[PDB]
Amino acid sequence: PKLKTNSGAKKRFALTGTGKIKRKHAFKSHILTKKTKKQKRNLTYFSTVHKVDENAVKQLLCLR
Amino acid sequence: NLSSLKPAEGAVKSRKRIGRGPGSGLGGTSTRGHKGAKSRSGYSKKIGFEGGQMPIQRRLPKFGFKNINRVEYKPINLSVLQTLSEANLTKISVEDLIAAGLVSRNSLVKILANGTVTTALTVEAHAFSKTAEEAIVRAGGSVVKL
Amino acid sequence: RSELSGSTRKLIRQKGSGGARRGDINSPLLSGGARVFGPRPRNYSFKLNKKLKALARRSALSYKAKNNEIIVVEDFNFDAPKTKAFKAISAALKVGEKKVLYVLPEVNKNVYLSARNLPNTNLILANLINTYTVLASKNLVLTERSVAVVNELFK
Amino acid sequence: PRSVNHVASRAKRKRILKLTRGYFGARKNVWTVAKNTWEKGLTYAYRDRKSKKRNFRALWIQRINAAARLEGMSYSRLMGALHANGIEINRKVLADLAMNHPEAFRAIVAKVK
RNA sequence: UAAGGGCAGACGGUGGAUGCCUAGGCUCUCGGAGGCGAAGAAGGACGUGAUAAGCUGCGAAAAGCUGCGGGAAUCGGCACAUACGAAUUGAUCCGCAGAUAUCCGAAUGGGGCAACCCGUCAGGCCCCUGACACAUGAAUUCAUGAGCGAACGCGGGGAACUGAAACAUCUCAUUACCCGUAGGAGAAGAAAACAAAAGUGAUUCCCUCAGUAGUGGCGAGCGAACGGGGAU
RNA sequence: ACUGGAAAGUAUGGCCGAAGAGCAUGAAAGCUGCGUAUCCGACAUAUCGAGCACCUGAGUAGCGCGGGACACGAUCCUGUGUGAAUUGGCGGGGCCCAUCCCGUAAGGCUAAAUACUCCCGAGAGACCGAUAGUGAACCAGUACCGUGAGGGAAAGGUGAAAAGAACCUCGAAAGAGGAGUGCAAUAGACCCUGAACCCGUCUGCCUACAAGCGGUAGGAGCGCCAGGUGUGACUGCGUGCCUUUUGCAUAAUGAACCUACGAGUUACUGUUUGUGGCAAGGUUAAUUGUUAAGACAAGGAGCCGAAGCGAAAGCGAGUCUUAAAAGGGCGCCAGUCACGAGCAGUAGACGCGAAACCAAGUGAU
RNA sequence: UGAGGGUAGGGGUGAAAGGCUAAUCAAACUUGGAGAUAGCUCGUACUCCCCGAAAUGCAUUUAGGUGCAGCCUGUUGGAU
RNA sequence: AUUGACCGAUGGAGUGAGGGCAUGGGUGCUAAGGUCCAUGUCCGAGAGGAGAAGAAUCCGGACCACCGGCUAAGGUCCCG
RNA sequence: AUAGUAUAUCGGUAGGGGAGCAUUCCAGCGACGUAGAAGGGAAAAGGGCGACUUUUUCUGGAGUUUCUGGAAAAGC
Ligand SMILES: [K+]
Ligand SMILES: [K+]
Ligand SMILES: [K+]
Ligand SMILES: [K+]
Ligand SMILES: [K+]
Ligand SMILES: [K+]
Ligand SMILES: [K+]
Ligand SMILES: [Mg+2]
Ligand SMILES: [Mg+2]
Ligand SMILES: [Mg+2]
Ligand SMILES: [Mg+2]
Ligand SMILES: [Mg+2]
Ligand SMILES: [Mg+2]
Ligand SMILES: [Mg+2]
Ligand SMILES: [Mg+2]
Ligand SMILES: [Mg+2]
Ligand SMILES: [Mg+2]
Ligand SMILES: [Mg+2]
Ligand SMILES: [Mg+2]
Ligand SMILES: [Mg+2]
Ligand SMILES: [Mg+2]
Ligand SMILES: [Mg+2]
Ligand SMILES: [Mg+2]
Ligand SMILES: [Mg+2]
Ligand SMILES: [Mg+2]
Ligand SMILES: [Mg+2]
Ligand SMILES: [Mg+2]
Ligand SMILES: [Mg+2]
Ligand SMILES: [Mg+2]
Ligand SMILES: [Mg+2]
Ligand SMILES: [Mg+2]
Ligand SMILES: [Mg+2]
Ligand SMILES: [Mg+2]
Ligand SMILES: [Mg+2]
Ligand SMILES: [Mg+2]
Ligand SMILES: [Mg+2]
Ligand SMILES: [Mg+2]
Ligand SMILES: [Mg+2]
Ligand SMILES: [Mg+2]
Ligand SMILES: [Mg+2]
Ligand SMILES: [Mg+2]
Ligand SMILES: [Mg+2]
Ligand SMILES: [Mg+2]
Ligand SMILES: [Mg+2]
Ligand SMILES: [Mg+2]
Ligand SMILES: [Mg+2]
Ligand SMILES: [Mg+2]
Ligand SMILES: [Mg+2]
Ligand SMILES: [Mg+2]
Ligand SMILES: [Mg+2]
Ligand SMILES: [Mg+2]
Ligand SMILES: [Mg+2]
Ligand SMILES: [Mg+2]
Ligand SMILES: [Mg+2]
Ligand code: NA
Ligand code: NA
Ligand code: NA
Ligand code: NA
Ligand code: NA
Ligand code: NA
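So the protein lines, in turn, are chains A, B, C and D.
For the first sequence, counting from 1, position 15 maps to 15 in my numbering; every step adds exactly one.
For the second sequence, counting from 1, position 84 maps to 84 in my numbering; every step adds exactly one.
For the third sequence, counting from 1, position 44 maps to 44 in my numbering; every step adds exactly one.
For the fourth sequence, counting from 1, position 69 maps to 69 in my numbering; every step adds exactly one.
There's no promise every hint is true.
Not everything, but these chain B residues come out facing chain A in the computed CB check (under 8 Å) [as the list claims (entries may be wrong)]:
#, residue
1, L60
2, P61
3, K66
Read the hints as simulated data drawn from the structure, not as lab findings.
Ideal Cβ positions, reconstructed from N, Cα and C, are used throughout, including at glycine.
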């Protein structure tokens with residue numbers, strides 16, 4: 001049958017123009033005052049999935 | 001000529017066949033290694049599994065929302081308008097754009113500014129970028145949003 | 001294994017018998033047991049692009065034209081089915097000792113019945129020409145009206 | 001279609017069983033015993049092709065030693081005198097000359113002694 | 001030298017492989033049809049031959065009886081042998097319509113350990129034996145039903161192993177399975193409908209929409225509709 | 001005419017064909033037989049106007065409490081307790097209100113396009129060919145096993161034709177030797193062919209002072225038929241094989257032997273790649289038409305490519321971040337459809353193997 | 001002690017041994033779900049040619065399993 | 001200088017029970033064919049020669065054939 | 001393997017890659033067979049190498065097969 005997309009991956013990742021995968025950063029949810037502003041600003045940015053994990057993320061999204 | 005058919009070189013290839021002796025280099029363990037989960041019949045990969053450590057599709061948060069009234073425009077750039085007109089035209093329109101296979105029938109068109117539109121044209125599109133509209137009007141054209 | 005007529009009962013207890021351990025009677029290791037990875041009913045058809053098939057039709061006809069195995073004969077219709085009548089045309093055209101294909105533009109029921117009993121004779125309509133039937137005969141006999149049909153269709 | 005290579009499968013066994021004729025007991029005709037014995041024998045033959053060159057050179061030297069000693073000279077001193085004089089006759093030729101043509105051997109000795 | 005033994009060959013024994021073959025299977029396509037039964041079924045018991053174990057056919061009219069159409073020299077089944085017969089005044093054989101059709105079995109006169117035992121009532125023969133009728137339940141004496149049997153339909157009930165690399169929500173699955181009950185199909189079906197200022201108008205089924213919108217210890221998983229193209 | 005036991009074979013020379021499908025006949029038949037193409041046939045039986053406010057479905061719609069079905073852990077159903085209005089009404093458009101739009105619940109009936117095969121008729125197969133294919137080619141759900149529910153085999157072939165061996169010899173007769181039939185009896189009833197493991201007899205060479213996985217590399221003599229073949233005095237070297245292991249002659253695992261059987265397959269959805277078609281375009285799906293399942297022609301719905309950035313509104317070779325900018329992030333500065341192949345997931349998914357769990361029955365001989 | 005009845009599977013029966021319930025009992029037998037699951041053991045068949053490891057780190061209800069890295073190989077582009 | 005030995009992209013893996021020896025160490029008893037690390041090496045996955053016979057000590061990396069020659073470690077009274 | 005004959009290289013478990021043989025059946029062009037097919041016994045000869053192939057003779061008494069392409073119930 002048809003391949004099924006993982007429901008959690010399709011709410012956490014996105015594709016870019018050249019094929020890289022967009023992602024958010026962790027450690028940004030609730031324990032915030034003790035962290036530095038530089039740390040929090042770096043964590044607020046979007047990032048890309050690492051090369052060693054692209055295969056697993058693509059399998060989760062059905063090679064998308 | 002059915003007695004002398006031949007396919008192109010390198011077009012057909014024999015399939016791999018495992019577990020049929022030592023000379024093939026694929027017998028015995030038949031490419032599976034020695035023991036463990038991966039050697040058994042019926043093993044399949046658990047796609048998100050990482051051995052028990054919290055997987056990447058769980059360590060990371062969800063983000064965003066999808067708008068149920070989103071509007072998307074098919075981008076038709078400036079250099080296409082001058083190319084199509086000269087090839088085939090001095091008044092471009094959606095029904096003409098569809099007739100030349102450049103856009104589907106039920107699709108909305110916005111004109112952008114990637115190129116030059118030197119030829120003087122009257123243009124009927126659903127949407128126009130600020131720079132794209134100025135490019136036509138400067139080149140002695142007309143812009144009709146409809 | 002799930003299609004055999006034996007019961008799923010375990011034949012002998014797991015331990016203590018002194019021989020090899022055994023499950024049910026349908027095992028492929030047993031005489032009269034299951035057939036493993038045998039035939040299954042299959043559909044063998046696959047797709048070819050439409051433009052690919054048109055080009056292969058033209059290549060076979062080009063091969064015929066190059067090998068000089070194309071005869072154009074005037075359109076003929078029989079009053080009644082007679083196998084001896086159609087043998088005359090083949091013998092008069094000197095194509096009767098090897099597989100020959102007759103391309104006809106219309107039904108011609110009388111002609112079909114006259115050529116049916118002859119071993120190395122094939123009849124086809126000019127609009128249903130395919131690659132395999134062209135290459136399956138040494139000689140190709142086109143009727144003067146089948147040329148016009150082919151020219152408009154497979155251009 | 002169903003494909004079973006009965007004749008071909010059986011022909012492979014029959015060819016090898018011709019090679020195991022002359023063996024002791026079940027090693028000549030019982031298939032899994034005979035094939036085991038034949039395969040082990042082929043390993044011996046690869047090793048014994050090499051040892052043949054060792055055994056025949058040792059036999060040439062022993063015969064040359066006896067022939068030289070009848071003319072008051074050991075093998076080591078005779079060989080040292082030949083290599084000193086540039087004589088390139090090999091040990092197989094000299095041993096043959098020692099055994100079957102003793103007068104020619106005596107001329108080689110008389111040239112370096 | 002050989003009591004004996006080893007190896008090779010020749011010729012045999014045993015055993016039933018292989019090659020060749022088919023009388024039986026397997027998967028389908030096209031068309032039809034989709035029941036049988038109280039006027040007694042499905043399935044059985046017992047019988048039935050010149051000869052007769054077993055199958056087949058048949059039912060005390062018992063390898064069979066009577067017509068009509070076909071057909072033309074053999075025939076009395078498998079199936080021999082022996083024996084006696086039938087048939088060109090048309091046997092056997094084939095198609096159609098009739099006759100006969102024991103006992104059990106829904107079994108239905110009452111019982112019963114299926115193929116058995118015991119009755120009432122009206123008739124006719126003579127301690128017996130023929131040939132009728134006699135269950136129950138739902139309608140109005142009459143009419144009806146019951147039981148059996150492929151799958152497909154619709155209803156009533158309804159698991160667990162398993163997956164979640166443990167497990168309880170969840171999954172397996174509105175599955176397996178049990179029960180009730182139709183038809184040649186059934187169910188659905190003619191808007192208190194969709195849609196979004198633009199429109200389509202009953203139901204059913206196929207291709208898309210789409211692994212999308214959603215749903216979810218937001219885990220494993222589950223998963224539409226609108227719109228468009230078709231069949232009808 | 002030849003070969004042959006026997007022509008249908010082969011070589012000549014004819015003929016038919018709307019019939020050159022096939023099966024049978026002493027080998028392989030268009031012209032020997034049954035048939036085939038085509039045409040013709042049934043006594044039976046079976047089937048095929050204005051106004052007006054009168055009406056328009058009640059323990060119903062709706063609601064509370066507890067459950068169920070909907071993709072779903074507003075809409076639909078209801079066990080329990082309640083409960084409207086009436087065309088200016090009532091219901092729906094995903095809490096809810098307003099407006100607007102759509103529609104008329106609490107009555108009913110309807111063909112087609114869809115699902116299936118115990119069965120009848122006609123066909124087919126790059127399906128099996130007797131340890132295969134149905135459990136069952138024969139006798140089969142039989143024999144046999146079980147109290148019962150239930151479980152459940154093995155087993156095909158003489159020959160063209162029984163012509164199935166009158167009669168003799170040895171034997172008490174079982175068995176054979178002959179004779180005869182036959183192309184063949186080493187086709188003689190367990191009968192086509194007739195392998196291996198295993199078992200005999202004969203012939204040739206070796207062997208009773210000799211000690212290890214049994215061979216291998218040398219090497220006389222002898223025996224047969226011109227240098228081939230059988231044997232092997234004597235010599236050198238040599239602790240089987242598989243699997244599992246850091247490491248096995250291992251006293252770790254495994255097998256009596258032979259013949260036969262026996263374990264990465266297929267479907268669908270992706271992805272990479274070899275080879276092709278078309279190319280800023282590529283490609284059809286369901287289905288339809290013609291012809292006779294295939295073949296040819298239609299079918300553009302949809303899908304991918306063609307612009308990105310942003311959570312989004314939205315801007316656009318830019319965009320987001322900023323009060324703005326600079327900086328910075330992401331972008332800008334040949335695809336598509338197939339064929340073959342590798343791999344992945346869903347299906348039992350390379351094979352054999354649990355202890356167990358659940359459902360419906362059978363058993364207190 | 002004979003004959004005939006009755007109690008049926010989380011049930012029966014038990015002067016109680018977890019005894020007995022058709023040579024079977026800490027949950028009978030038969031058929032079905034069903035080819036349950038088995039991170040375990042055993043097994044995996046024609047040929048020749050080229051290259052050729054690892055038994056470490058991190059994480060893990062993890063420790064004889066697995067994910068990623070490290071180390072092999074095919075194709076392709078660069079020099080290093 | 002170096003037969004080319006390195007890297008990127010992308011298809012396919014296996015391995016994630018190691019072991020001996022030398023050197024530097026911890027632990028142990030300055031025990032263990034012990035155990036835990038580091039640096040090399042060999043066995044694993046490696047035949048041939050010497051050591052009487054020994055996985056990793058000494059010499060040495062097997063394309064095939066040869067009744068040719070030179071050497072390594074180690075040897076030259078006989079078995080040899 | 002590189003360069004176009006020269007230079008280098010060729011021990012291997014897990015494992016990756018390349019190139020082939022046999023088996024059953026199909027399409028096409030064609031052959032063989034009672035003047036003896038398949039199968040079975042014996043012998044001889046071939047192959048860069050091999051999986052395997054060819055020939056002769058005995059048995060046997062009716063089917064068999066080259067090459068090119070295609071598909072698997074494709075090897076103990
Ligand atoms: K954890
Ligand atoms: K009764
Ligand atoms: K025999
Ligand atoms: K002696
Ligand atoms: K043991
Ligand atoms: K129980
Ligand atoms: K055959
Ligand atoms: Mg927050
Ligand atoms: Mg390997
Ligand atoms: Mg092995
Ligand atoms: Mg193993
Ligand atoms: Mg391991
Ligand atoms: Mg592994
Ligand atoms: Mg398993
Ligand atoms: Mg079971
Ligand atoms: Mg079978
Ligand atoms: Mg297979
Ligand atoms: Mg024999
Ligand atoms: Mg057979
Ligand atoms: Mg009559
Ligand atoms: Mg679980
Ligand atoms: Mg009915
Ligand atoms: Mg209908
Ligand atoms: Mg709303
Ligand atoms: Mg059978
Ligand atoms: Mg014979
Ligand atoms: Mg025989
Ligand atoms: Mg002595
Ligand atoms: Mg150990
Ligand atoms: Mg290992
Ligand atoms: Mg050892
Ligand atoms: Mg021992
Ligand atoms: Mg073990
Ligand atoms: Mg054993
Ligand atoms: Mg052993
Ligand atoms: Mg064995
Ligand atoms: Mg065995
Ligand atoms: Mg106790
Ligand atoms: Mg008991
Ligand atoms: Mg239990
Ligand atoms: Mg299940
Ligand atoms: Mg199992
Ligand atoms: Mg190497
Ligand atoms: Mg473990
Ligand atoms: Mg890994
Ligand atoms: Mg580990
Ligand atoms: Mg470890
Ligand atoms: Mg140690
Ligand atoms: Mg230490
Ligand atoms: Mg240790
Ligand atoms: Mg090494
Ligand atoms: Mg080397
Ligand atoms: Mg190598
Ligand atoms: Mg096989
Ligand atoms: Na292997
Ligand atoms: Na003797
Ligand atoms: Na009567
Ligand atoms: Na800026
Ligand atoms: Na012969
Ligand atoms: Na075999």
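Consistency of the hints with the structure:
1. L60: Hint on B:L60: holds, closest Cβ of chain A at ~5 Å, below 8 Å.
2. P61: OK, holds: B:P61 within 8 Å of chain A, min 5 Å.
3. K66: violated (10 Å)
The structure is inconsistent with hint 3 alone, although it conforms to all the rest.
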